[PDB]
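With one protein chain held back, the other chains of the complex are shown just where they sit.
Note that the chains are named A and B in the order they appear, and that numbering of residues resets to 1 at the start of each chain.
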Amino acid sequence: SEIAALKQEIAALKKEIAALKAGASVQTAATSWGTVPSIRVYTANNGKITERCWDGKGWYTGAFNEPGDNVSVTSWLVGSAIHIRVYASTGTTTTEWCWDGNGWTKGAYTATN
Amino acid sequence: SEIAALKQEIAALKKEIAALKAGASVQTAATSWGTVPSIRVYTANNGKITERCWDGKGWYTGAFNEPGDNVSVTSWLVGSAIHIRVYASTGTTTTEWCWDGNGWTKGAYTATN
Partner (left out) sequence: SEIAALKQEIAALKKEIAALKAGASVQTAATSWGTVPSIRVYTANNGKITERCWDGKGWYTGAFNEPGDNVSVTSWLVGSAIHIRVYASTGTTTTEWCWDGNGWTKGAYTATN
């Protein structure tokens, strides 16, 4: 019956991986500012984070393009200038990315002192 | 020893799926507004997103009830009117949902132009 147990094991093994990846989806983060408002939506997909932008008219693709399997975001206004920080994580490594009005740059964030 | 390798493989196979789903949990997103404040907490559970609300007294169930395995949220005030956008993702499909004071509606967001 060992071969029959293998047939059952193969079926259980195909079910266990089908179910894993079936329930798998992309992960997003969002932030907004002003009264219009502007909206930025960051999507982690297959180890890549990309950005979509809304400034009142329609949606378009933003500059942000960095690696990661997970993303979070916060932002604040200095008067009307927007400042954005995006936290991108692969494995156990979190990288901070900074928008301060003139391009994305790597930030000072570290996970442990 | 092939049958013995199968016994070991079955044990490794039961460990590999137990560990996967054991570490699995629901995913949440949160937003807030005002000085009271009001709080909204969105929970993705088994392909369903639902909403819990706090307006200063206690917690209750909100109107939001849409499919998705992942959720993010942002909100803004126009004077004292709250506007909410919720980003719900299943597989590779992200759907935007809009609260503007008179019911949830599907938003214009798309992932690629």
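Here is the rule we use: a contact is a pair of C-beta atoms (placed from the backbone, for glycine too) under 8 Å apart; a residue touches a chain by one contact, two chains touch by 3 or more.
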item: Residue of A:91, A:101 or A:103 touching the missing chain in the full complex; value: A:91
item: Residues of subunit A in contact with the chain not shown; value: 3, 6, 9-10, 13, 16-17, 20, 47, 68-70, 72-76, 78, 83, 85, 87, 89-92, 94, 108-113
item: Hidden partner interface residues of subunit B, rising order; value: 2, 5-6, 9, 12-13, 16, 20, 23-35, 37, 39, 41, 43, 45, 52, 54, 58-61
